[PDB]
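Student: Residue-level listing of the chains:
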Amino acid sequence: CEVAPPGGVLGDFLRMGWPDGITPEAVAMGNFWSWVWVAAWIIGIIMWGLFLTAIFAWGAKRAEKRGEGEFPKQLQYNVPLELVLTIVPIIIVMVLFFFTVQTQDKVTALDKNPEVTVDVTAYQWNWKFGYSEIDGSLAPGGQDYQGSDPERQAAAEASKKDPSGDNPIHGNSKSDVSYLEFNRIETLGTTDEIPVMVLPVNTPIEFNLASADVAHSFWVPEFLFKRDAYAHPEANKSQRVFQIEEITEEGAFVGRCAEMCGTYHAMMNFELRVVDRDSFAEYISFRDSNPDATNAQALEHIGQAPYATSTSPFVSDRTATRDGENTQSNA
Amino acid sequence: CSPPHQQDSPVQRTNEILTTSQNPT
Amino acid sequence: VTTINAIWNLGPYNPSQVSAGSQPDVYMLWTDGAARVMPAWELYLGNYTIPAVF
Amino acid sequence: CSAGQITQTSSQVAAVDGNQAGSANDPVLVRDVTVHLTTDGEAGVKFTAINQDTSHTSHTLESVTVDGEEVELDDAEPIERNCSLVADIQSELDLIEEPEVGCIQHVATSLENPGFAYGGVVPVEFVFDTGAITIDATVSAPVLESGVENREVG
Amino acid sequence: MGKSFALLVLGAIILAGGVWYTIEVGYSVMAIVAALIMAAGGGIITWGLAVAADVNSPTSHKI
Amino acid sequence: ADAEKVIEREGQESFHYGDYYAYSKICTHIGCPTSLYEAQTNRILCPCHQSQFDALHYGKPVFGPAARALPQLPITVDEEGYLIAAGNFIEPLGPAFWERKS
Amino acid sequence: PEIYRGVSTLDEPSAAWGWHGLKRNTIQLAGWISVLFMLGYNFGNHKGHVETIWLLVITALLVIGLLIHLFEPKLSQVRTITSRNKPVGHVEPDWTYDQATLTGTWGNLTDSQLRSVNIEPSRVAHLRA
Ligand code: HEC
Ligand SMILES: CC(C)=CCC/C(C)=C/C=C/C(C)=C/C=C/C(C)=C/C=C/C=C(C)/C=C/C=C(C)/C=C/C=C(\C)CCC=C(C)C
Ligand code: FES
Numbered sequence: 029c030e031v032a033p034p035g036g037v038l039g040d041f042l043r044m045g046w047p048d049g050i051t052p053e054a055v056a057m058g059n060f061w062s063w064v065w066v067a068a069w070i071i072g073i074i075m076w077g078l079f080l081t082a083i084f085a086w087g088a089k090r091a092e093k094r095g096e097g098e099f100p101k102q103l104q105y106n107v108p109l110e111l112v113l114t115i116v117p118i119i120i121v122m123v124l125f126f127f128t129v130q131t132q133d134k135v136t137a138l139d140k141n142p143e144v145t146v147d148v149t150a151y152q153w154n155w156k157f158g159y160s161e162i163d164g165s166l167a168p169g170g171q172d173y174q175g176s177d178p179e180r181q182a183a184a185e186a187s188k189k190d191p192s193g194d195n196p197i198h199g200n201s202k203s204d205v206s207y208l209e210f211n212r213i214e215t216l217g218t219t220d221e222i223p224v225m226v227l228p229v230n231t232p233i234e235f236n237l238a239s240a241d242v243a244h245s246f247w248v249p250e251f252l253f254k255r256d257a258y259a260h261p262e263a264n265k266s267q268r269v270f271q272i273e274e275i276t277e278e279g280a281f282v283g284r285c286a287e288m289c290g291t292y293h294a295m296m297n298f299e300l301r302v303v304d305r306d307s308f309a310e311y312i313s314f315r316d317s318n319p320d321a322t323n324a325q326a327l328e329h330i331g332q333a334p335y336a337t338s339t340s341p342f343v344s345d346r347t348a349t350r351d352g353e354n355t356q357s358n359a
Numbered sequence: 023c024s025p026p027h028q029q030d031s032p033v034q035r036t037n038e039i040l041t042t043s044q045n046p047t
Numbered sequence: 271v272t273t274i275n276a277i278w279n280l281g282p283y284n285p286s287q288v289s290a291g292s293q294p295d296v297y298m299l300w301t302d303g304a305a306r307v308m309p310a311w312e313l314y315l316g317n318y319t320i321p322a323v324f
Numbered sequence: 032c033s034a035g036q037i038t039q040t041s042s043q044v045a046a047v048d049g050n051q052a053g054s055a056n057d058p059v060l061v062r063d064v065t066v067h068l069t070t071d072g073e074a075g076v077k078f079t080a081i082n083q084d085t086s087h088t089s090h091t092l093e094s095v096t097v098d099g100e101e102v103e104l105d106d107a108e109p110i111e112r113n114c115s116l117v118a119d120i121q122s123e124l125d126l127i128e129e130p131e132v133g134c135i136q137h138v139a140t141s142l143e144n145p146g147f148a149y150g151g152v153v154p155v156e157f158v159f160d161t162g163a164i165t166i167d168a169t170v171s172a173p174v175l176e177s178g179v180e181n182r183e184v185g
Numbered sequence: 003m004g005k006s007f008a009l010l011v012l013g014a015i016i017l018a019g020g021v022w023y024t025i026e027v028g029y030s031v032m033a034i035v036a037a038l039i040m041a042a043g044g045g046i047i048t049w050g051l052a053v054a055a056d057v058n059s060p061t062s063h064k065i
Numbered sequence: 307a308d309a310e311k312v313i314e315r316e317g318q319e320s321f322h323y324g325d326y327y328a329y330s331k332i333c334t335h336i337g338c339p340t341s342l343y344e345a346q347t348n349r350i351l352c353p354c355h356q357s358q359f360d361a362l363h364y365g366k367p368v369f370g371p372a373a374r375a376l377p378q379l380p381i382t383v384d385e386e387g388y389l390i391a392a393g394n395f396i397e398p399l400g401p402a403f404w405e406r407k408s
Numbered sequence: 010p011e012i013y014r015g016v017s018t019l020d021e022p023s024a025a026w027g028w029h030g031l032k033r034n035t036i037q038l039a040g041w042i043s044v045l046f047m048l049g050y051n052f053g054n055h056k057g058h059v060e061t062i063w064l065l066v067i068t069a070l071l072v073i074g075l076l077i078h079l080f081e082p083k084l085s086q087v088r089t090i091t092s093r094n095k096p097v098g099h100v101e102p103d104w105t106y107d108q109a110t111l112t113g114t115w116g117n118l119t120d121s122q123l124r125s126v127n128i129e130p131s132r133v134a135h136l137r138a
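Residue numbers (the authors' numbering), protein chains in the order written: chain E, 29 to 359; chain M, 23 to 47; chain B, 271 to 324; chain H, 32 to 185; chain L, 3 to 65; chain A, 307 to 408; chain I, 10 to 138.
It is worth saying that the hints were derived from the structure and are not from the lab. Careful: at least some of the hints might be erroneous.
[Claimed, not checked] Each computed DSSO-like pair below joins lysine-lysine, with the alpha-carbon atoms no more than 30 Å apart:
1) 254(E) to 156(E)
2) 140(E) to 64(L)
3) 56(I) to 407(A)
4) 188(E) to 265(E)
5) 32(I) to 83(I)
6) 101(E) to 89(E)
7) 64(L) to 56(I)
8) 265(E) to 134(E)
9) 56(I) to 331(A)
10) 95(I) to 89(E)
11) 95(I) to 101(E)
12) 202(E) to 188(E)
13) 254(E) to 140(E)
14) 95(I) to 64(L)
15) 189(E) to 202(E)
16) 331(A) to 311(A)
17) 156(E) to 188(E)
18) 265(E) to 140(E)
19) 156(E) to 134(E)
20) 156(E) to 140(E)
21) 134(E) to 64(L)
22) 5(L) to 32(I)
23) 83(I) to 95(I)
24) 64(L) to 5(L)
25) 156(E) to 202(E)
26) 5(L) to 134(E)
27) 254(E) to 202(E)
28) 265(E) to 189(E)
29) 89(E) to 5(L)
30) 89(E) to 140(E)
31) 407(A) to 331(A)
32) 56(I) to 5(L)
33) 254(E) to 265(E)
34) 93(E) to 32(I)
35) 56(I) to 311(A)
36) 254(E) to 134(E)
[To be verified] A partial selection of chain A residues facing chain M, derived with a Cβ cut-off under 10 Å:
37) 310
38) 320
39) 344
40) 348
The C-beta atom is built at its ideal place from N, Cα and C for all residues, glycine as well.
So that you can see chain E by itself, here it is in the shape it has in the complex:
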């Protein structure tokens, strides 16, 4: 909403545990949530009161001590009051749906003009990020950076058909991967390292999701948003692109998988690290110039933590984890 929550302890209570959020539409979703919770609390107390009245006021022992007799008034129908009480929730959900449409449409609109677009690949069980396009302001070359790898993506387009011929699924091979974008600047998540995507502050950013394997989901709790990543998103008629108007503050933020994908569904964490806009140019020029260098080396080049400080990788041994120290020491 354009109107902020009550704030204070009332806002904290109404929050009620949501992260504050780090984007404009995150603020909008939080405000809408707070006011919806206000209305919900009104309804909740104003009906729990009637049940409590039944518990304490409408008891039988009281009315029999008062001499009311063995039975009450035996009223059954009050049609005007019934119609009024039917009309009330109609108007409540109607006026709620109006603001729901407002906030939803300003969230989902794909017209935010990205400066950065990152292709994201979900696979069992880790994340792989790849910078797809970068505006000339942040790109190394002054002109816009385009990251699609010609040879590796050519392999993807060649995988569509004719492995000496099976082609069952609508004329394509069952193992098609032409929907995945392969980029030359990539960060690859492993069981030994939590992947970290590096993003700037105060730029419209775009995410292009896809999934090598079963369906996953991308969830950043600080965006207050999550989107499902599917294999062949075009075939599913699923929208695989979503844009954030900007991120408003720097920092490291955990992001999780919110879709049941398999055995190691809990181990599939990543981190989203938001850095000063001037440092992002250094990061991308460093990764481009000497591609053999790892992601951690680039983060050292910035001058921040080489590894995800938000979440450390899980211990991969099925017996050592019994004593609760299931955290790997990255360094």
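Please build the complex by placing chains M, B, H, L, A and I with the ligands on the supplied structure of chain E, with the hints as guidance.
Tutor: Just chains M, B, H, L, A and I with the ligands now, kept in the frame of chain E:
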């Protein structure tokens, strides 16, 4: 109810390296 | 209409070879199953032994 | 019951002659360490040294020895993080292609046979700039080109 | 009124026995048993409260 | 890696020849060939009545009707480089009978 | 209803036609022999203890069943009153017959109520006299 002589050894099997005789060349 | 005891693909007997499914005939399976379920209790008495299959 | 914390599929190692050293927490791992000794008498040490030091302290294999005896190897580049130095005898090393994409490097080896026996096990001592790694390895012949050899009676 | 006092008091120490053990042991299997002891204490607390509820407002008048 | 954690039987210390061990194939329960060598669990298995012998714990039974360990054969290479039996079984192999000691 | 060889016809309707009642001592003896055998099962060459969990659970439940079958405890029938329910000496009136006859629980209804049930009092004045 287990055989009397079926006893595990005290020896801890430090490696006993092996070789074969080489040709004079 | 139904094959029974297709000996031609079992090969001749030699004491060093065995198959996974090597049960006796159906009417003997009970006395096989007994040998399968006995918990290996064996007695040793000096120079003598009562095996677990007694 | 089979899907518990102790599981049969999880405890398995590769079906190879080469021993291995190092946990996931150790800086440098040696995989598939074996003493090869072809039927023609030539010998060497097959192994793969993988660097995973999170400190990014790139190493260089200073030396390898079998029972204290030297093994010849040359042109070993430093191994930075997430890189593999594959080592094998030259004849076997020629059978596989060096990958132009990825960090792998191929290096040849050879050692004079002091009389090692097929079947037995011998210690192998690696020393890199950052430290030494010891591991027992078996002695065996290289693998035949599959499908070419027949059982010959004489 | 009635047993509800003692049935509460017996619980109040058992619950205290549970949570104490919970803050003693680390993350371990025995922490699960500590949780069970703590929950048993809570159950006996509510059991005392429910017998108190029955005594306050009986609805099976004749024994 | 698995030859490290072998337990030797008292008196059968030097029977192996490096990685090579040599057990009797005749089951100690009723004498079916055992013959089902699980390559990872390292359990020699008998299909007749499901006895399991730990190949690392000197062939001692671990499951099934069998009560007694598989006897072991000592082996060694000859002058020419073939494998030969370096001795006789020290223990009566096959199923047990009444007068068999242990 | 006669008792044949220790069992009553009411419990075993064909008590006179065959072998019906095993003595409870026999049931106890068989159960205890079974428990002894199943506890012996856990002295074999098996290594794991999941086997032990299954055996111990089943033997514990066996012993529980055998102890209750040994003593065969009982509880009394509770004599409380919960609600408008009435004690055992009550006699239930046939409310339907009363409804269809205007007698008993439906007797002596006033004129207004008789009209309220679509019954003209003129056809009923002698019945309530
Ligand atoms: C876990 C999520 C896995 C993925 C993804 C892949 N494999 Fe795997 N592999 C896995 C296990 C648990 C095991 C051991 C159990 C077994 O079946 O052997 C393996 C084993 C192999 C082997 C056997 C090695 C041998 O010495 O014989 C091979 C050759 C192998 N795995 C290859 C492989 C490849 C190439 C994969 C991706 C294309 C792959 N596996 C996926 C677990 C997992
Ligand atoms: C060859 C020919 C001719 C034919 C074929 C083959 C054969 C010979 C076969 C035969 C068979 C037979 C005879 C069989 C028999 C069997 C029997 C009799 C058995 C019996 C058994 C018994 C038992 C095991 C028992 C048990 C018991 C018990 C456990 C009990 C218990 C009790 C309790 C617990 C109480 C309570 C109750 C409940 C819980 C239920
Ligand atoms: S013959 Fe091997 S288990 Fe019986």
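Student: Under the constraints set out in the numbered hints, which ones does this structure not fulfil?
Tutor: The structure conflicts with hints 2, 7, 21, 22, 26, 30, 32, 34, 39 and 40, although it agrees with all the remaining ones.
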